[PDB]
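Have a look below at one chain only, the form deposited without the named molecule, in structure tokens format.
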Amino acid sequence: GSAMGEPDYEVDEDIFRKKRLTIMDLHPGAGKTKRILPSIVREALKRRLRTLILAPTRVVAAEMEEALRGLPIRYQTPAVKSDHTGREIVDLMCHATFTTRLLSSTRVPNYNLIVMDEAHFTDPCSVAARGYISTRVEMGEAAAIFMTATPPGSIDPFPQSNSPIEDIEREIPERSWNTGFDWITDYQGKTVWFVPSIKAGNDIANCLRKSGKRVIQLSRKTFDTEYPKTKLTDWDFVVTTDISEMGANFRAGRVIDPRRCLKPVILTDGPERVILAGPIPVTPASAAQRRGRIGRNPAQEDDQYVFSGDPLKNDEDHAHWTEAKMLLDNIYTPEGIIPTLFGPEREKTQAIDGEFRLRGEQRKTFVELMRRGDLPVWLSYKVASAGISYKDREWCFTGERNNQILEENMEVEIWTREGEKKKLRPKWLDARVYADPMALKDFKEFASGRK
């Protein structure tokens, strides 16, 4: 047993048995990170188990280190720095880092125990990782623990909280406003506002700042300097991407959740291509996770979750289900086996077994295009499977007429490393590399041969 705040002295021994996959479904804020995780890790250490801990984001990683502080843990994330002497038997990294290590070489330790926090996270690398982990368990090589307040089959956007939550439906601005939304700025407490993009985040944040509001902007690019600022009292608004969807312990009184996002979609009508569809509603799980950022403190009972619209459960057309298979078809166990998807995540699309398996230099190229090229999984797969090498940028120029990239209604031209001038016209179209002007800038760099 334990007191409210401390980890339990007693841990069930059956969670450590090879062949056991434990799904731990608790409600948001039930001490999964501050109590449960350190109990598990302390007991893993006493059992001398080679242990892997997985966080979906650097936000969760940061929160885990707070709870695990003092334990001999090798942190493999830029989010945490600590004194490591490479004799640690416990490793901690992000979901996607692990999948990257599995795909690279880089040989991965033979973990006896794997703890995946936020095991519902649908990023393709995270889906692929659960495939690998559930296969290790099934082979009898590991025990694993999947922890999530919103497991597969979650439908409830309004789950249990530690403190009452006032759920309010209101129209929420997706852009700057001049009037008509006084309730946003009249509110006297702290707000966490979820935005689908950094562009929208910048625009919303500037609007609030000119209303005399103190705003912290949180996303992948600003995490390092701005996340520690959220722990101060010094702010009115955190305007955040879903970097903060899970785990975050803001000291807020209100969440604003527009409940919408862009979705990458693979089109099969004509030449295969990726578009950014929407905005469309987020899933019930995302909505519940965002709402879970408040109602966490029993002494503070008037927290609000302000939202717009219903969530949308069906995400079967999302590119992540295909991209997860593209990754997993190229991951192996030391025994040679290609892992299968975690049970509940099978048949999300119709996915001929092994159809994404790449051979030799193609697999290496695939990995290179993702981690050096900064290209999406689908586009990386398409280029690599064509037998194109990483530094061969010819495919950026040889597409059909309709694949010509336009920026400000003008045909994009590229000046190559060798000094040729060529129209940017990729053989394969993935909206993720050209839609946002910043992504286009990066993709132009790649087409040039400067990446």
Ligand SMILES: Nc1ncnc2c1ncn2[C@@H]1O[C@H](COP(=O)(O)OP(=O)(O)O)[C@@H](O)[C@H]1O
Second form
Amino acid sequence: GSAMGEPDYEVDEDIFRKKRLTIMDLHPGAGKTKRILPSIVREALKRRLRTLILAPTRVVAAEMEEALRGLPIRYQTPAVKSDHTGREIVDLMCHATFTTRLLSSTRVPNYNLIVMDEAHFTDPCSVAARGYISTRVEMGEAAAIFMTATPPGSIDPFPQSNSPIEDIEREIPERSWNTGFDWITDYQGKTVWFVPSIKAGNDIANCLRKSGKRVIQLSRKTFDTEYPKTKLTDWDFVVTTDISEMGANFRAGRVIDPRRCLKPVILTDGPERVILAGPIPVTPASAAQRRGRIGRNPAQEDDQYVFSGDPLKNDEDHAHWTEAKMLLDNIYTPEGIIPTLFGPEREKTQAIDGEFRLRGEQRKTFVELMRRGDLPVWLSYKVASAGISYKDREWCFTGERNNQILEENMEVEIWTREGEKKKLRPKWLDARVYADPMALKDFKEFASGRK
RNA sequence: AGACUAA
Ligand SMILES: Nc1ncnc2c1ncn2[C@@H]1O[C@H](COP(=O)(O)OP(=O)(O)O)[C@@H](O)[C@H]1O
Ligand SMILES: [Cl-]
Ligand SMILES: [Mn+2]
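What would you give as the form deposited with the named molecule bound, now that the form deposited without the named molecule is on the page?
Next comes the full complex, and the chain you just saw is listed first.
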């Protein structure tokens, strides 16, 4: 039994059995991260189990550290700055960090227990990690716990909450506004506003600030300084990207959710390429997670979820299913085995098994292009599998005529590290490296040989 | 677009 939001004294022993994968499918705010997780960790320490804890984002990592403070845990995330003895048997890191470690040099510990929080995260690295984890379990080398309110196949955007939620459909602005949206600033509580991009977030926050609103912006770029401010200071709005979609305890009263964002899609008509499609409706799982930021406090009964449009369950044309396979085909168990995707996530795309496996040197290039090059999984794979070395940038210029990149409707030209002026015309097109002006600037640095 | 930045 438990009280006062404190971890339970009692933990089922069966969750620690090798060959067992436990899905903890409990509604938002039930206590997965800050109550159940510490119980598991405490018991895993008593059992002397080599343990891995996985957060999707630094937001969830920060929530975990609050719940786990004082326990001998080695934090491998910049979100947390803690003293480590180097003798810890519990590691904590983000999903993508684990997959990166799996892909690289560099022996990963043989964990006996793996706890993944937000085990539905559709990031290609997270899907890949779930493949590796479920394979370790199946092989008898690990027990694993997958925690999420929205496990694969979830279709309900309005799940259970600790307190009643008032679900409201209204038009929501995507850009600044003058009139017509008084309900936004008339509201007297705290609002978490999900925006599809940092650029849109800047515009909306700037607009809210001219109404005399205290606004905190949250994203990968601002997390380090801004997240503690959501915890320690008084604010009216949090304008946030998907960084905050999961796990956050904002102690807020309202979520504004336009339920729409851009997604990478692989096109297979004509030469294969990646576009940024949409903005398109989010999945029911994403909508339920965003909504799940409120109705979290039983003593607070008038919380609101303001949304626009229906969700779209079908995400099968999304690049993340293929990119997860590209990653997982290149991960090995120490026994030598090919990891398979987590059951519920198999046959999301009709790609043949092991078809993305790279040979030795090409595998090393593949990792470099992602980590050093800041290139998407798909693009890194295309370049690596063509036998191109990390430093050879000729492919950025030898694409067909139609692959010419434009900026402000002019042909982008590169001045190379050796002095030549060349037109940016890559052999493979991935809109993620040219759509956003900042991304294009970076890809221009890459094409120059300055990355 | 968004997230991740570890041996
Ligand atoms: N800093 C905090 N102060 C007060 N209550 C909190 C705090 N953080 C979390 N809670 C509450 O504890 C409950 C369980 O939280 P959590 O473990 O984050 O839920 P889950 O992981 O299932 O979404 C929620 O009702 C939440 O609002
Ligand atoms: Cl909360
Ligand atoms: Mn949680």
